[PDB]
Amino acid sequence: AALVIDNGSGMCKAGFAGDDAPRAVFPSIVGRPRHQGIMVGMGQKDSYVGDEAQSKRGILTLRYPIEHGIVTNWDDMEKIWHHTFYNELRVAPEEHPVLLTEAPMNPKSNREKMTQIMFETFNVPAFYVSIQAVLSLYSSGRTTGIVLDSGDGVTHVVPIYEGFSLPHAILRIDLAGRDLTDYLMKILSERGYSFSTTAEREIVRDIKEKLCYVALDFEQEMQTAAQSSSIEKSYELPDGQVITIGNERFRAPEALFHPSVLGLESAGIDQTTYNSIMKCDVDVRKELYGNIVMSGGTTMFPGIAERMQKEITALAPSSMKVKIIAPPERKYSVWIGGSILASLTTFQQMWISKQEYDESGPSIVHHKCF
Amino acid sequence: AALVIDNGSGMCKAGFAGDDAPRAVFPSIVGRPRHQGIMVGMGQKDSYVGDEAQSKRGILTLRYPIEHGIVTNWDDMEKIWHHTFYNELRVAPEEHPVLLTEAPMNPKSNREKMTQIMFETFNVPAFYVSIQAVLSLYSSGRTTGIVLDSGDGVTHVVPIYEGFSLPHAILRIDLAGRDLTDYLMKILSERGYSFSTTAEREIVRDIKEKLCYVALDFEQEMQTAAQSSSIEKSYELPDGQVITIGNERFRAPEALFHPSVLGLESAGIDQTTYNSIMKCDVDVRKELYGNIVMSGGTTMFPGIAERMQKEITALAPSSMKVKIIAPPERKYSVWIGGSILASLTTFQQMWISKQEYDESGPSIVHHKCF
Amino acid sequence: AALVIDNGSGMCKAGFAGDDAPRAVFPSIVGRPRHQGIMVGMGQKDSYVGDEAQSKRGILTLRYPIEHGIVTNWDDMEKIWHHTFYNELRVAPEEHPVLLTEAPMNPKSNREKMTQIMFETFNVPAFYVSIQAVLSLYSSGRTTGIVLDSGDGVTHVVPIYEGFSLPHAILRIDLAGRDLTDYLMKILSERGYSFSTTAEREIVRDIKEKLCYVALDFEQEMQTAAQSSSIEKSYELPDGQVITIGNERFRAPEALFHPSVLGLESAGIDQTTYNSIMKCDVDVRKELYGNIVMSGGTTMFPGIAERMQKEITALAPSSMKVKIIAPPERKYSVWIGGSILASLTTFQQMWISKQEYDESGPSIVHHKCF
Amino acid sequence: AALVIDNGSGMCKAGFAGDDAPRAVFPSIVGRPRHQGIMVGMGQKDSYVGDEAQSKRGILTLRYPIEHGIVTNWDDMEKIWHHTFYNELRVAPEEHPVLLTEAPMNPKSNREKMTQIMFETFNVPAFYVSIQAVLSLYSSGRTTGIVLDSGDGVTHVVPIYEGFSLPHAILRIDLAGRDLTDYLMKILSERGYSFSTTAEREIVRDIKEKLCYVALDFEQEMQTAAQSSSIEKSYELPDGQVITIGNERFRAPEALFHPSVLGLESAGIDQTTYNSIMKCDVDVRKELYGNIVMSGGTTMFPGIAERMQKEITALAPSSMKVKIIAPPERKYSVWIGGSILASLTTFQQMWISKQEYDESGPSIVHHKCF
Amino acid sequence: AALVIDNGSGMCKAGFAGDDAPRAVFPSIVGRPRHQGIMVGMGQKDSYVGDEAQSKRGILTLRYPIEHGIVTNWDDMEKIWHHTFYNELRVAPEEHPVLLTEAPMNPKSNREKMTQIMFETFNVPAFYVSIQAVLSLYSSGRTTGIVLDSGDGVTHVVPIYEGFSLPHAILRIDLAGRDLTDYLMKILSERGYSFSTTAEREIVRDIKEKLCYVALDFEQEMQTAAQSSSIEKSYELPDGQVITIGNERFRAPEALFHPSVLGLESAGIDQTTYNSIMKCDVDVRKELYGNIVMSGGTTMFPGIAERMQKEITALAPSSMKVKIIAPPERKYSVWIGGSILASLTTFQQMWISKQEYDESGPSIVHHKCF
Ligand SMILES: Nc1ncnc2c1ncn2[C@@H]1O[C@H](COP(=O)(O)OP(=O)(O)O)[C@@H](O)[C@H]1O
Ligand SMILES: Nc1ncnc2c1ncn2[C@@H]1O[C@H](COP(=O)(O)OP(=O)(O)O)[C@@H](O)[C@H]1O
Ligand SMILES: Nc1ncnc2c1ncn2[C@@H]1O[C@H](COP(=O)(O)OP(=O)(O)O)[C@@H](O)[C@H]1O
Ligand SMILES: Nc1ncnc2c1ncn2[C@@H]1O[C@H](COP(=O)(O)OP(=O)(O)O)[C@@H](O)[C@H]1O
Ligand SMILES: Nc1ncnc2c1ncn2[C@@H]1O[C@H](COP(=O)(O)OP(=O)(O)O)[C@@H](O)[C@H]1O
Ligand SMILES: [Mg+2]
Ligand SMILES: [Mg+2]
Ligand SMILES: [Mg+2]
Ligand SMILES: [Mg+2]
Ligand SMILES: [Mg+2]
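Chains as they are written, first to last, in PDB author numbering: chain C, 6 to 375; chain A, 6 to 375; chain B, 6 to 375; chain E, 6 to 375; chain D, 6 to 375.
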């Protein structure tokens, strides 16, 4: 048996290898109370974590300890993994090897410290790290294809061909679900709803996750939303006030396709996907315009696959096939991929041993892990 | 064992912790005789106190030493506490720790001097102070909720969530039972009954406490009382004259809901409750429109909970639940709360020691007490 | 000629373009009488406005019609502008184009309705709106710099570089002079002075505006004010009672730097200034840690510029220059900026014409105005 | 039975003697993967070979192990023959004698090592080597004639008369299909198509093999291609981009006739054919200007036989017959010749025995083989 | 008089013939503003160019219009030449003949369009184009030698002997200063510094240009940098943050010698230099292993000449002299060469006349120019 952990930028996911879904899924938040606890005997916790910090969030400040795939507060990341093992999953980490997951292009000391914690704090017997996107080929059941991952923290494009990683053609893009949440909060001020707080940041996250959709023609839908209320769905806040959302319902996720809206130098996930395909080779692109795998929760918007089709077919060569492979499992495809990978018998020889970590410190990972 | 004292703005309440009701309940009045004592050998007392000063009030002037939760004559407050311990409760204060109670937002030197007296005059071995409203959550058996206290002296609204005190959302309001007594005396002049004296102020207090009720539609009941005597109950004074009370029977307590009648800048206990809920957060209001706890003797009017329902449901968001939690114990809910709090074993480490008061003077309270 | 109006959250300012100061300066208050006018022949006005409502305030309720830069009662805002043109400035609005001013990030329907009134009610011939902070660069005579505005209603940080607005790096912060007034009123209860009324809210505003100052070391000055009366200045109320102000003299404006005191999620104007600089780019920050322009009446506290220096230099990179550009004109720097902008000949082509407002309704502003 | 192997400089060909075509035909390439194989369980092969290395070429580097008829990496040549016997042809080499083929004028240690491998590695029971060109007389069914072979690696002219080899009149010429591929890649840069990679070298090979043709008047067709698009056919790359090919469509194969274009000292296959005929004798040329046999894949261009006619008739004596014997089988004429030769019963006494190789080492070949 | 223009892939250089250095040197960038220009009267330019776009780069997007020696946006190239003549050099192009410069092997329509612009847009009276590398022999004062040019865009190796161009032995290689900048940015992510923007791409260019050096033993210096901080110099960004650079200080320019690091099929400038020498002839190599001229800004790394010595002496024949002729002028050696060439009186008959361009269009260049 082995444990698979998405270590998600947004939702953490964890479970046993060989399962079809993670068992623990919870937001990767640590909540700190921001007020004096006047009532004796409530035993107020000094730091809530996961969905506890959701339920109490009104009295809390919520912080993600992982920003853009970089762990920004390790002591909180420790609290999150501790909660995962003991409270949320109820498993002994000393008994089971752990497959962690990381974004690509990720600062090397992050992968180092990650294993320093996982061995010296949790005493995991054997361990591995793998790239979020790469696992999506396993959950797709494939050996070729270009993966759009788009977590809360990072969008990264990873072309793979015949199990070779084409590492020079990875594009990493900082548009991600968290930044779409923030941009929605920025434009949702246009109707005069104020949501500046982190407790309200979470509400804007729910509004995005439920009511938003990707425009299939941004200018036409801007025109029709200026002409008609047809699009103007309405949401009910945790205080029971109703709000109505105009063209913001799609102007927000359109940021994925014109990042100049966020002022970013980058380019849309469409154009950067195309550009990664252009970058990889002439030989393989025949097999990468088809078989565009797509992954992670930000790729969950309605209409996103259709927009990707339209854009890539507008960028790819004339009479080149395009196929945006978008399962319904996108939100878990990374974890499912890790579950498959850890299941494979032909992988059980690859785990980094605790004994090897005793032979050499965390730097061992840069030798053993790819 | 410990002693719990409401130190009420109106009725004092005192008793032992772990009891279900206070044992000493008496009006917080000191009476001074206002005439020459011509009869030798009666041993006329230079100052009556409590219900002694009730029974003799015709020859006395009655003064409350505590006004709007501020102790205005400490030497009389000393007489009241002395009477409590020795005459009314018959307990040694040197043997028992005392939980006093205070209104919130209360001038800091009041809490200082309160403890300076309680240690240096009464030599109490250990001591604490707590907020009147907060105790009502203990007597409600709760950890969330917004408390309307309305003593004789102060109305104060205190939202609490998960034992955090949301201190920025406390609203303190100077409409209170004493000022309703005075306003009733003002309008009861309209029938030509004169009650200007303090001895008659007490009679107006009894008239209010027995015959008045909160209108559920002030304009409609004004109309029907103009149309019909149906409401016109009658009271019999301590001299046996009968009086009849017209629409004054509800026009007086309606002051709680339109303080412009008293010319106050403030706003009704309904609208200020709603406004405190608006002030606290967006997250918690879901749990504060429900679970509106209500406390203190002025909240005892018939119809007040129904009016609160009507008003808050008229102010709170559409499809937001409202529940005015109004036990029958309202008149003692503060004291019962203190009895529970002092009972808790997990509180016995919090008492301010006499030894600590010897380490630092009364200012110690602002460190130890919250 | 043209008219420039600050439309201030607190003090309104208005005057002609090309002047060095506004001619009309008055508090943006409408006062309603709260009592029966028993004396015949006084001609009592149904609503006083501006400094009339100051002089009569004892019998009035005072309401600001503009809250946090949002016009909350347009009919009163109309009364304020009407008073400005006809009573206070004595100018015909039909004859002169008007430059209004708005806070940034401000609800879009506010800017719409603002122009709907300005054309259809006042028949202004041509019109414009501009961001309060942006004008401060004109009154500084600059084309780069980050502006702290802090009116009565809104603190907003606006970085500008080479005349490009870096709109993604605007931080809007709800700490402002009005909320410092309210917090001072909250803590000034600690000495037992009660000022709950709006008529007394104005007195607390004067106390703040005269006697308060920003602490340069909050903990040290708390210590020394606990040790010594050296800081304890005294104020004389409009009734001639004297009051003394302890550490409240600086504990109140310290709210600008630890908003957790107000329970706000936000962060101090120092840390949010630094964070806006971090947000804008890597290229320009060299020119924004220097040239921190500062604006609006809340930035008028003694010691505030020194504290900003200390904090930003504690946050900015080592060996990065910091310069808090704080003229004496701060209280008018917005209006002076508008006066310059309206003066420029190279701006006279930008006014929204009445003819254009006849071609398209108030929504025209979102096209013409930036 | 016997096995016949062309050991081609470009396409390998192998099959059984007495067949009319080779059964295994595949490019003589070994492909090495050039990237990290990140996917576990694909079993990535350390070296692909033949048409496997075609299909995967995008991730590979492709190397021919035989350059200009010289085996440049014997370990790869071993892999190619191993693939031929076991994977591609599925035959046991221990059971069948093998006729290998070599270019003429070829470094003697090549023929030595070739047999050292064929006996000691593959344990072939009996063996022979013969000259590529000479076999073409057998597949032509002739005993006189001059053979232009032009493989990928070597052009060599071999006059034969009455079965005597005229060995002093062999001309060996290093213009060959591979070098025409490279030159086409050089000039195809003139339109700005870049194909520098070996994976793209293969694409240029396909472009040459499909669209190019030999000009029948190079200057006139240069003129007409400058005048008109009539010649400008278009190709579609493996990525689906279209390209158009101008005069490059014939300027490339014209290198065979003006090698000064490649900067080579040599002379065209026309002039070197004529010069070999001049070199051989006066007696036989009557039978060699007629009966110019032509062989190998580079002789497959459209128009090449017509150009040979024009050139040789311009060089050969007046009133001398010229006949360029160009079957359609040119691409296999060598192998078919070997199939006939190995078929002949009057050849079965000529095989080098394994027993003879045990009597004397590989040097035995220079005695037995001619 | 005549004007000489390097038309550099990276830094443009221009000046008068007969000077010892170019007078205008500036980066060949056009900058477009990426934000709304809110300040009236700044006259914001729609496109900055050269070192203007450096100074303002924080608000710009920077694009090179020339990629790998191919002009990719002619309208921007026009802006660059216009800036050169009028703003940066302040010369009338109608009065002076212009020597432009091009990379070799360069798409023929580029040289065409280049002259179409130079005559029809700038009305230059007479004109020429020459190969970047070839000019380096003039600035070396030589008639033999093999030139490594390595601009920002192209590395190209050009052997020349006795003034004959050996055109079949030119090797063109796409490793160049821009791609080393990009690779440094890729590995500099390993320390967690993010520089993905073009504005930050320029900063990575400065970091490379100042702190990087070519390793003389890549494995040994990797070992010693793993053992010791001795190499770990530090840079200070335009925001004043310090960074430290580990083995990246040499791992980046090592890409020139193992392009497999960039995944390129190509081979190091050492091995490709050797291979060009192998390709040219047997006669001349005696004079090309000596007299390896070296050119262009990418050849400016410390240690590069020593590494070239080590590698070429490891590849060249035993007891063959090797001499890497590396002046200090490398960064300008092309321009200086053009200055000499345009100076020569025996060149003044070679200019393409405007009259000849009127006789035949831009295709004239392919006749006149070599
Ligand atoms: N149905 C949905 N519509 C729009 N956005 C969604 C939806 N579901 C999830 N998301 C976005 O995806 C985020 C989760 O991303 P996740 O896959 O957990 O990142 P990671 O892969 O790093 O764990 C959510 O917080 C939300 O912002
Ligand atoms: N049944 C009743 N109806 C109306 N008013 C009442 C009733 N009972 C008590 N009150 C009011 O409540 C007052 C007592 O308030 P109390 O709770 O003693 O204040 P505190 O909480 O400060 O002790 C009485 O004096 C009277 O004015
Ligand atoms: N000298 C001062 N010291 C402290 N606070 C001041 C001083 N002068 C003005 N203020 C504060 O600034 C407020 C005015 O802000 P103002 O600039 O009018 O806002 P706006 O920019 O929206 O018009 C005053 O009401 C007061 O609260
Ligand atoms: N139809 C064609 N047109 C032009 N060139 C061709 C054609 N067919 C084959 N070739 C060239 O001939 C090459 C094969 O030569 P080949 O006969 O295999 O050499 P060898 O005789 O050494 O085996 C091909 O790779 C290609 O370059
Ligand atoms: N001292 C240096 N160290 C390392 N690299 C340098 C140095 N000087 C210049 N370069 C590189 O050379 C580039 C300039 O190349 P350049 O000669 O202008 O190309 P071109 O020959 O096409 O004009 C610089 O942008 C930089 O990348
Ligand atoms: Mg994930
Ligand atoms: Mg009480
Ligand atoms: Mg203002
Ligand atoms: Mg062959
Ligand atoms: Mg150059």
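One should not assume that every hint holds.
Given that identical chains are not distinguished, each listed pair holds provided it fits within a single copy or across any two copies.
[Claimed, not checked] Each computed DSS-like pair below joins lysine-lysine, with the alpha-carbon atoms no more than 27 Å apart:
| id | residue 1 | residue 2 |
| --- | --- | --- |
| 1 | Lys-284 | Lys-113 |
| 2 | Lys-113 | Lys-315 |
| 3 | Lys-291 | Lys-50 |
| 4 | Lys-326 | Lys-61 |
| 5 | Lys-118 | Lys-315 |
| 6 | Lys-284 | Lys-61 |
| 7 | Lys-50 | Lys-238 |
| 8 | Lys-238 | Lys-373 |
| 9 | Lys-328 | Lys-373 |
Please keep in mind that the hints were generated in silico from the structure rather than gathered at the bench.
Here's how the hints hold up against the structure:
1. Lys-284 - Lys-113: For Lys-284 and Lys-113, the Cα distance is within 27 Å both inside one copy (24 Å) and across copies (24 Å).
2. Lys-113 - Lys-315: Cα proximity of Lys-113 and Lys-315: none, with 37 Å in one copy and 33 Å across.
3. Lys-291 - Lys-50: between (56 Å within a copy, 22 Å between copies)
4. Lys-326 - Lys-61: Between copies only: 19 Å across, 50 Å inside.
5. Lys-118 - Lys-315: Neither, since 42 Å and 34 Å both go past 27 Å.
6. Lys-284 - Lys-61: This pair counts as between: shortest inter-copy Cα distance 18 Å, intra-copy 48 Å.
7. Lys-50 - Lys-238: Neither: 39 Å inside a copy, 43 Å across copies.
8. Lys-238 - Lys-373: The answer is neither: 51 Å in one copy and 29 Å across copies each exceed 27 Å.
9. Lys-328 - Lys-373: neither (35 Å within a copy, 43 Å between copies)
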